[PDB]
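The data below hold one chain only, encoded as C-alpha cells and taken in the form deposited without the partner chain.
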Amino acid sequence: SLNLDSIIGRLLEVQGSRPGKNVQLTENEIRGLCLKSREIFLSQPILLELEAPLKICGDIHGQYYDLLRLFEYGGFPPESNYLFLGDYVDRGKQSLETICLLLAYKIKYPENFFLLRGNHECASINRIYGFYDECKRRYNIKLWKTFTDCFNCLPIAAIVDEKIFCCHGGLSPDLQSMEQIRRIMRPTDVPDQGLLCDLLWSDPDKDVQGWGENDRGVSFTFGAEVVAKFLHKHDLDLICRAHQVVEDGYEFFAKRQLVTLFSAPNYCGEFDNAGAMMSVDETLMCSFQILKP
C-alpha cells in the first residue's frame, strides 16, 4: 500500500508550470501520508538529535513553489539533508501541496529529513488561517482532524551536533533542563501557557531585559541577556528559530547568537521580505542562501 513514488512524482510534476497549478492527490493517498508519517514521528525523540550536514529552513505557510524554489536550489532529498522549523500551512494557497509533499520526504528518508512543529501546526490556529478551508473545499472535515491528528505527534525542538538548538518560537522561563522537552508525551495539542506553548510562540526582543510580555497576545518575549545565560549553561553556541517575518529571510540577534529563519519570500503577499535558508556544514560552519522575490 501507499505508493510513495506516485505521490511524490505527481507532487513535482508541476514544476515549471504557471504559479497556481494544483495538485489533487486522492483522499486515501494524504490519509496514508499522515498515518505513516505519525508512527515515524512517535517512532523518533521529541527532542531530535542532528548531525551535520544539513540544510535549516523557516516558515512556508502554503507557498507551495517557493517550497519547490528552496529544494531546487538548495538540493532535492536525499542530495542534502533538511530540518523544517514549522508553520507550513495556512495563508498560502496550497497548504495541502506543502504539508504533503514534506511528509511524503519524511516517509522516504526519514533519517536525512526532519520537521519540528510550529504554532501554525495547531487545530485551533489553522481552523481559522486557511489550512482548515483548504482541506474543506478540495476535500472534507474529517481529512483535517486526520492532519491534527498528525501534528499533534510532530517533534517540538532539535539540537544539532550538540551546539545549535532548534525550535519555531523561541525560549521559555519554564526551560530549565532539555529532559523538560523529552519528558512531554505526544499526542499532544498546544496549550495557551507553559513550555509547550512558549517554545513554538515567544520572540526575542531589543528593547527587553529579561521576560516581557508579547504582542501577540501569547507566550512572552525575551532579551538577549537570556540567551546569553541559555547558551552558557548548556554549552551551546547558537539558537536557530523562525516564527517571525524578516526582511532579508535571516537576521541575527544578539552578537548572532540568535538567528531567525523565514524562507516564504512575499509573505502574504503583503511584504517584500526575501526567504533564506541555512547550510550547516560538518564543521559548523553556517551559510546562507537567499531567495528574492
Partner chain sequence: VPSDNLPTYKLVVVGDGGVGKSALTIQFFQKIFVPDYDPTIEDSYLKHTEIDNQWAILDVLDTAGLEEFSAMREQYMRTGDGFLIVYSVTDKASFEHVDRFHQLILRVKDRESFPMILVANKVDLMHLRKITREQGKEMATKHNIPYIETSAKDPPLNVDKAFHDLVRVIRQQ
Contents of the next structure:
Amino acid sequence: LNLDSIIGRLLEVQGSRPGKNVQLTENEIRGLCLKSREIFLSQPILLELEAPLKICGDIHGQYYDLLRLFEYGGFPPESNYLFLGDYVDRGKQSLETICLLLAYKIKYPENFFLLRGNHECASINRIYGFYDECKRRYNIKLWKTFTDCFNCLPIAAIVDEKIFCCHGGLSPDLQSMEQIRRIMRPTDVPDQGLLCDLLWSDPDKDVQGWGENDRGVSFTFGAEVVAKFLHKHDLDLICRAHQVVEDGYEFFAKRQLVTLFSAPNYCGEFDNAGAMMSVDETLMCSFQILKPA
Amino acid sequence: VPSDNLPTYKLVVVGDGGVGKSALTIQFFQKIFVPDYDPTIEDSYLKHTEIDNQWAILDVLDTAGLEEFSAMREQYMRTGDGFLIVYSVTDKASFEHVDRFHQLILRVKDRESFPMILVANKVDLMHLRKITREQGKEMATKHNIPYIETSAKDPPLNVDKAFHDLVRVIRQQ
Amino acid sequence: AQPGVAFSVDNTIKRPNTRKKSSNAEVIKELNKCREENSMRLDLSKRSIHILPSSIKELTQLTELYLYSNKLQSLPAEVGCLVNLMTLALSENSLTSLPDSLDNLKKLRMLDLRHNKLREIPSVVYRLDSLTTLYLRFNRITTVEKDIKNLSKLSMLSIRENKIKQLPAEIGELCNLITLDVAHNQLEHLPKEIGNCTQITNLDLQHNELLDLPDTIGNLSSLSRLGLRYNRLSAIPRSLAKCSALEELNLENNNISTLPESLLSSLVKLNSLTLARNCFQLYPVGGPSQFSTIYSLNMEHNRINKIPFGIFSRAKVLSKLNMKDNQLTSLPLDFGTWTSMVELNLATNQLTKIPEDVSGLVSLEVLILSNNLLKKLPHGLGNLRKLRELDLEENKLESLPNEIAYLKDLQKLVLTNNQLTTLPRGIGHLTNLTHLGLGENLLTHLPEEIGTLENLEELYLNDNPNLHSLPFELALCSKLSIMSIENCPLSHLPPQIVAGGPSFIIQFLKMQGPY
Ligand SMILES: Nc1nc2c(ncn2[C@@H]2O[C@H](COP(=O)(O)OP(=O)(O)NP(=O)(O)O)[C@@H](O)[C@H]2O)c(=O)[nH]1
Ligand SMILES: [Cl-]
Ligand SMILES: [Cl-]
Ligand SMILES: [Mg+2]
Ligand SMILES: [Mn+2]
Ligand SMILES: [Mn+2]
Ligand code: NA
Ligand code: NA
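Starting from the form deposited without the partner chain, produce the coordinates for the form deposited with the partner chain bound.
What follows is the whole complex; the chain from before opens it.
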C-alpha cells in the first residue's frame, strides 16, 4: 500500500468542479480499510487526547467541504484532528470522504482520530446512500469490508480531562467512563443501550431529565442532565454532533454542551453553515465557519 | 424513559474459570458473543431495564474464576444483592465446585439463604456436554435454588431470562 | 496548571457555567464506626471521595482498605500509618501519584491501581518489596524502571493498556512470576532475561508491536497460556517447543512466514492452531505428527499456494479447516481422505474444480467454496448426507448436478453471483432447506418443484434480469417470510403487482393460481 500516492490522488481534485470523483483501485480501498482497522484496535475505544486539536462534526460524503475544512484548519499533520463520526451517507462522495480520512489515520496515527457515528453502521448506511455508492462504483463486497472497519472505530474521547466527545450524546446507563472501556470490538451498534445512546441521543431544551427521541431510537436529555454529568466526572464541556445546526455550531445548557456540524448546505435542503472547533493548549475554544457555497 | 430514583440490583456472577461468565454478561449487555478467552480480574456493567413492568437499574459484577485472578473476589461478592452461580456443562470440575461457591456466598453475606440461581452454560456444545440436565436440577434442588440452562453463543439462549429471574428472586416475585 | 474550557466568541471570552461537607461527614462516621468495632476491613468504595480524611491514621488495625470507584487524585501521607495493611484497592480513581509514606507498609501484598491516570509507576511502589499482586491496567505509563527488581515476590503483574515501549532486563529478577500481562502496549522486543521467570504459566503479549521473541522463551516450561495475536512477529523461536503445556497456539495478525521444523510435534496438549493473517506460503514443515492433537486449523488470509499430500494422515480429531483467502489453485490428490473434516472453508482462492472424491468427506456439515472459479460441481457432492450449509457465492457456475437432491440435511444453499440459467427439478427434495440464495444470476425460470420446499423461509431472486415469471407452486411455501426481488423485473407479472412487492406477488401467485 502506497499511502502517499493514494493521498496525492485524493488531493488532486482540490479546486476542481465539485463532484469530480477519484478513482482508487478496489485493492487500494481494501488496504485502507484493513490497515486502519488494525490501528483502531491498537488504540483505546475511549481516546484520551491532548490539545491543541481541531474537532469536526458530520461530513456525510460532502468531500469538497471536507477539503475546505483541511484547507482552512491546515492539512495533516499541520494540525491535529478529531472527527465525531457520520462520514458517509446523504452526500454524493462518501467513498472519497472516508478514504481520505482513513488514509490520514494510517499516515498520522497519533495526530488524527476518528470516532464512530450512527451512520458508520451497516443497517443505517444500507438505506441512506453508502451501500448504493459502493455498489455503483465498486461492489457490495467492498461495502462489507467498510462495515468490518467501521465496527472497530472508537466511541468517545476526552480532551485534557475536560471535554467529553462523542457523536450523539449521553446515556442513562453511562455512570462511569470504565463502562465505555468495557465495550468490546468489533461490534455492531445495538438498537438500544449504552453504545446506541452514545451515537443517537440528542439534547432538548424542553425536556427535563430524559425523554423519548422522535428518531424512534435512543433518548433526549435536558440541561440538568448535562450539568450533573459534568459535575460528577469533573468535566467542563460535552462536544457532540449528530444534529444539523444553522450556524455550524450551537451551544446548549449555558455553553456546557456544543453541537458541531461540518456539512454546509446539508443534503441540498438546508441553508446551514458548517463549523469546526479549535481547541488550543489552554483549552480556549474558537469556531471556524464554512459558509454554504 | 427510565423512572426517577430507581432501585439498583447488584448482581454478581461467580463460578470457575472458563465457564462463560463474561460471555454471558457481554451477551446480556452488548448483545454480541465474544469467542476469545480473556481471563477476568473484575468488571462491572450497568443498564436500565424494565422487568415485569417495573423499572430497575441492573449493576452486574463479573468476577474472576481463576484462582490466580481471584484476589479481592470476596469484597466484590460482599456488595451483591443476588448471585448467578455459573458452571459449564462441558466441565465436570466446574459443576462440582458449585458447593464451594454456594458456601462462599452464604459466608460472605453472613446469611443462611440468599438470592441465587444455578446457571448451566454452554448447552450449545451438545456433542461435548458432560453434565446432564438431571444432575443440574438435582444440584439446584439440593440447595433449594432455581435452575436454568444458558448459551452465550448466537443465537443466545436464556441469557436475558437468567439475569431477570435473579431480579425476580430478589423482589420475592 | 490544569486548564479550563473557555470560548473565544462574540469578541470576548465566555465560560461554561452539591454537598461535599455532607459527603465527608459520612466518610468520617464510617471511620469512627471502623475503630469502635476495631474492624480489620474498611470499605469506602463508591462514595465520591476526592480527598481522603487524615483521620485514617488512627485505624492502625486495618489489613484491607477498599477505596475503588472514587475520585481520588492523591492519597494523604497518613495512609502510611496503616502498617498492618495487606490489601490496598484503588481501582477506578483519578490517581496521578502516591505518597512516599507508603513504604511503611511492610506487609502489603495486593495493590490494585487499575483505571487511573498514572503517567509512571509511582516511585514508592518500587519500594514495596512485600507485594505479590500488582495491577496497573488502563493508565498512562510509558516506562518500567530498573527498580522493578525490588518486587521479587510478585506472582501477578498486569500492566496492560498503557504506552510501554520497552521492558528492562531487570524483569528477569521477578523469578516468582506466575502471570505476566503486558497486552495493549507498544513493546517491540522482550528482554532475554524474561527466561529467568520460569514459573510463568500465563504470558499475555497481545496487541503490541513485537518484532520477535527472545530465544530464552523456552525456559518458561510451565507456560500454558501465551497471547501473541496482533503483533509484528516475523518468526517463532525453536525454544518454544519446550512449552509442551500450551493448549493453544494463536498467532493471528502477525508477519510470520514459517515455523521451526517439527515445532508443533512437541506441543502435545495443543487443541487449536491459528496461523491467520500472516505471510505463510506453505504449510508448517514437519511430519503429520504435528497435526495429531489439534481439533481446528485456521490459516485464513495468507498466501498458501498448495496443501501437501498426506498432511492430515494422522489428524484424527481435526474437524475444522479454514483455508479462506489463500493462493490455492488445486487440491491434493488425497483430498477424499479428510474423513474427519466437519467444516471446510476454501473460500477466496483460485479453485477451478472440486474433485469427485469429495464424496469421501461423509462427515462434512459446512462446505464454503465462495469466491473461486468453479464452472460446475462434481456428482459426488450428493454423497455429503450430513451437509447443512453449502456456500458457492461468486463463482462461474453454469449448472448444478442432479445429485444435489440427495443433500437431505441441507438448510442453507448460497448460489449468489453465478451464471445459473435453470435449477434441477430435484431441488424440491431438499425438505430441510430454509435459505436459498439465487441472486445475481441468469435464471430464466424457477422449477415448479420449488413448492416442495416446505421449510423455505428466505428466497433471494434479486438482480435476475432474465427471470420473467414465478411458478404458482411457490405459494405452497407456507414459511416463506423473505423474498428479495430488487432489480428483478418479472415481466410476465403485472407491473403494479411487482411494484407492490413480495407481499402482492406471493398473494397473486396464491390468489391467481390453482391453490
Ligand atoms: N460455544 C460456546 N462457547 C462459550 C459459551 N460461553 C462462553 N464460551 C467461550 O468459553 C470461553 C470462556 O468464556 P468466558 O466468558 O471468558 O469465561 P469466564 O467464566 O469469564 N472465565 P474467567 O472467570 O477466568 O474470566 C470463551 O472462549 C468463550 O467464547 C457458550 O455458551 N458456547
Ligand atoms: Cl494522555
Ligand atoms: Cl457527584
Ligand atoms: Mg471472565
Ligand atoms: Mn448522527
Ligand atoms: Mn449525521
Ligand atoms: Na498491513
Ligand atoms: Na453495555
